[PDB]
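Asker: Position chain B against the provided structure of chain A, taking the given hints into account.
2 protein chains.
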Amino acid sequence: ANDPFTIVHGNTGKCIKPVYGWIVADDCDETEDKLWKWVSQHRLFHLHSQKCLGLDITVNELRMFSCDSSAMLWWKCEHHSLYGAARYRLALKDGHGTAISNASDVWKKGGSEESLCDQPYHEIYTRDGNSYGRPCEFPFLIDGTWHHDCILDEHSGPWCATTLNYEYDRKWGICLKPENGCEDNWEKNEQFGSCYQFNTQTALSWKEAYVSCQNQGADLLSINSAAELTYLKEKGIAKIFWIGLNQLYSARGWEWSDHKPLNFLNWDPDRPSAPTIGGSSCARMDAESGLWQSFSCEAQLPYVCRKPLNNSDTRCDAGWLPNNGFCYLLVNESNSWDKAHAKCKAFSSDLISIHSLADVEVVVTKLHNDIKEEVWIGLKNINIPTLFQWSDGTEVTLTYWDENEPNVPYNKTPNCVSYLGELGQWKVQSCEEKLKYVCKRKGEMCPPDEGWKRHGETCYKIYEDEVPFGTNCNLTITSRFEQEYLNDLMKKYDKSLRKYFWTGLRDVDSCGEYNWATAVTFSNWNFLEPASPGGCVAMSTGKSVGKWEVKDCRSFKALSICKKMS
Amino acid sequence: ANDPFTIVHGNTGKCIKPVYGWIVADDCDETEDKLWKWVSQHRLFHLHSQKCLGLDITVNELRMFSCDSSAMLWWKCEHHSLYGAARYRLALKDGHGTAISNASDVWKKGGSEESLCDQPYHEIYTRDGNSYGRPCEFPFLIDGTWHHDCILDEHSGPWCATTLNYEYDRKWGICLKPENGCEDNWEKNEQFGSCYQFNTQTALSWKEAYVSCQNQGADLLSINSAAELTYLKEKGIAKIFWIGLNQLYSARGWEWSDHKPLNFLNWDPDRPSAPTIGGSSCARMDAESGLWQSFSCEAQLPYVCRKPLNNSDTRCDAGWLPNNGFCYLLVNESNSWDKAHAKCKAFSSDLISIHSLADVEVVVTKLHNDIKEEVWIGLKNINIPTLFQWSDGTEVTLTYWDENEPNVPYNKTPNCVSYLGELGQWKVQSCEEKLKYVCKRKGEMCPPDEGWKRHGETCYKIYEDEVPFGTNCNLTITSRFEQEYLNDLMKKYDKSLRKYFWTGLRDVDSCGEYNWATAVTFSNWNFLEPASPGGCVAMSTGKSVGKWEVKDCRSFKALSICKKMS
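As you go down the protein sequences, you meet chains A and B in turn. The first sequence runs 32 to 89, 92 to 187, 189 to 269, 271 to 346, 357 to 414, 416 to 490, 500 to 573, 580 to 627 under full-length UniProt numbering. The second sequence runs 32 to 89, 92 to 187, 189 to 269, 271 to 346, 357 to 414, 416 to 490, 500 to 573, 580 to 627 under full-length UniProt numbering.
So here's chain A without its partners, still in its complex pose:
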């Protein structure tokens, strides 16, 4: 997976390499005798020796082995250290490699300071061939040579073995590596400005497909317009394939994996927004009927991939509450959407349009302290296939759907959404319902780039270095709306797991009391958390995005998010 590296010793500055199978120190120069790689099952692979670093406990011995050996061949980094079987640490005595317990040695990659496993092992999934898209198995034996990477022939292109034994089995696939150009594996489309990849004879789970497109630099297929929906349904392009539409990795509701706005829809009524089989949270496209069906996120299906062709407060009238360049007025006289829209046209305005989470925050906290009551929103659909559009023509940037939303019914021509709940999230409604409504009309600093993004009257920033707790700063999460913005931010940053972020919640002492560094009004613990006292609290993305998990204050490191002007 990805670049080879050299293993520099911290205390000496020498690079380790095997001679006759035994580890020795050497001058750190980038010749082919010092390059190390990561191969599957957490194995360290010396490229030139074609052998893998391992221990023999059957006291013990540290040397190179044939990479398919039964010896202990796995290695994990523990805070610059590198331990193996029974946490024996890789160390260097008199310039000779030896593994011993409690060793206080330091190792780091050559040319940087990051640990050996700082870069995660990236799977390289295949297409075509006989392997049905199963990922590359590194390394694999071909008549004497251990291959850690794809092979060039002309086999149609770069190819790899997909099982731990190529002498038997004989299963292989064409390597899908990240590209800059949009050919070989991709197909250009000037009409949409995005390259598509139709993995048709493959069979991957939705998470596996999303990882396959992540590692290719692309994203899972999102369909934003009717022109795209009518497309693909022609052409083999697979009979049924995955699409980025998922409920798994969002905080409630459905979304596109690339966080494009979810406003063009085409639910199969048999497998709709509210899934028939409970807990099936990942949708697929049927290239025959054209419909999108909710489905079990673990089913093995073909998949499509796409990537782009990269080229102050105000004042209003009395009663109207202000927010940035706009002002909102809530109407308690419950009315249909047509009557509310017309009545707000009479107020020389229109039904509210929402584009940021700040808009939701103000239209939940500045207007109320109802909550249970649904409130009308300008967003509406009139066409089949579904296309939600704002009443005031503004572009659809935000779609803040609740769980199992948007639940657009079959063939019903008018579909009119509203907001409910503590978070003000949206759900589709029959347009004749009589609800309250909110209407918008016009009214009347952080440091420069880079990395700062302003939410409301607070400036947020992502510190991108996997650093221990309390370094840089301590973020305080005051409300669930702040939590939601943090969720959107983390989601927009990292893909998908692998990267945690730091809260400011910490238990000094061990009494079991978690507090910020100077009132714990808001709490967002994950499943079975805290689970232990005296910890430092972190959060991540993916499923349970933003949920608080406890971490070791000593060893665990994560990224930082921090705010000013608060």
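None of these hints come from the bench; they were simulated from the model. Fair warning: there could be bad hints in the mix.
No copy is singled out in the list; a pair is fine if it fits within one copy or between any two copies.
[What the hints assert, rightly or not] Calculated pairs, DMTMM-like style, for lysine to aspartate or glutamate (alpha carbon to alpha carbon, straight line, at most 20 angstroms):
#, residue 1, residue 2
1, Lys458, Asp383
2, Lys418, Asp176
3, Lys625, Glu490
4, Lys109, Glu568
5, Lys205, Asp448
6, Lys45, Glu146
7, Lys608, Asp101
8, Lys473, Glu201
9, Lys418, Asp101
Answerer: Relative to the frame of chain A, chain B by itself:
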């Protein structure tokens, strides 16, 4: 779900109950007002209060909550103790319930001495209804009443809600509970002496199906004869359903979940013994075509399940090797199966039949030390509905298939198996091959009262109490054949995970050296094991059956296996 219980305090002997929402000690009068239950997400549910025990951390408070509350409602047992959020332990001050750190209190179920988490939470899967077999979600709200178990209406039978919210969602299912009689959910069949249950409107993963019927007291369907195949092929049941044929929970090779002999086969050549999609380790039956297809163990498919209608030392001639009432002779003159069978009929004997793993051990270690050579076995098939049978009429009790075996080809009339490998495991062969062969002919205390099972010349025993390491005895695993027998024993005992067993391998001190309690010649570590030094080594069943994992010597408990008379 399972039985309600009372929570007796260790130091006093009193069992706790809520009054006005606050926990107090009381005289254990086994009345319905002190009965506690387990509900999902590790929640403790008081039956009469219909509320769940919980903590408030926003300083510290222990009381009852509505089970849908956002408060900390989960509880985990730590060696008779019971901790919650941040490991605050349930305790009793002056007979009043309070959660405090480092509390040295003890709790036990009422009427016994087992801990609160000694009994595992059993899912109750459903059939019919609109939920497609998804399990019961306990508890569920119906107009004021929180229901922790299935309820009787006329609903056709017992029914439950399958989501966390039944007033919304409106998803329900028919309770599939363990039965004594063979009606209501089942269908009798005198021809086979086994009741069948065809879950057709369901969609479950292989593991969820196996657990569903495990919880039902039955086992996944195994087809042992052509009559059963022809029966299932006819029958208005599911077109495709799961069957117990799996390669996941075995040490290697395919087997039946009920450990029935795998000798009747019907592989679909499209999805055969050697899976098309690598990693597909769970097979299914097509009741239309009647073929068995290897498939992804995570696919949601219907499933069928069946339960029964319950109604040492010899000597031979020179050269021949002795084993109980039988004797084996290996022939090095490579020959076809027919030529070897005829030649051994000329020696007034027959091609070897194998019935125990001890037979495999002697025919691997007593006759040879090589290994790479395949050796003929008496087992053979002649039918197109595949049925392997011994040449000497002996009953096929053992089927010791290698990985991706039995690889029965399509329409091929003669199928003749052989043994290969270090473990002497079997694989199917074209019958014309010229191999060595082994032939058998006749020849010339523990007690079984106490749970002991004789393997070779050694008696083994499974102690049924989840006890800490070394309490009973320290088991030494000498050879891979002993490990294999242990796999058979554990598999026949426990279903499926959840129950660990104790080895004798242990690291006293923390140098990282694991040894038995009185030579580490044989080692069977699991993936990324040993993960830490100074541990006590246990093993389990399921996937990675018998593989050694390191565990805490203080807190971890497991079962015992121990041997005598060797």
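Asker: Now tell me if each hint is right for this structure.
Answerer: Going down the list of hints, with the structure as the test:
no. : hint            : in the structure
1   : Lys458 / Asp383 : within (16 angstroms within a copy, 72 angstroms between copies)
2   : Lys418 / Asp176 : between (69 angstroms within a copy, 18 angstroms between copies)
3   : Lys625 / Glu490 : neither (26 angstroms within a copy, 91 angstroms between copies)
4   : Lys109 / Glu568 : between (32 angstroms within a copy, 19 angstroms between copies)
5   : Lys205 / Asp448 : between (44 angstroms within a copy, 19 angstroms between copies)
6   : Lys45 / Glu146  : within (13 angstroms within a copy, 60 angstroms between copies)
7   : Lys608 / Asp101 : between (40 angstroms within a copy, 18 angstroms between copies)
8   : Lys473 / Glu201 : between (56 angstroms within a copy, 18 angstroms between copies)
9   : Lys418 / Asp101 : between (61 angstroms within a copy, 17 angstroms between copies)
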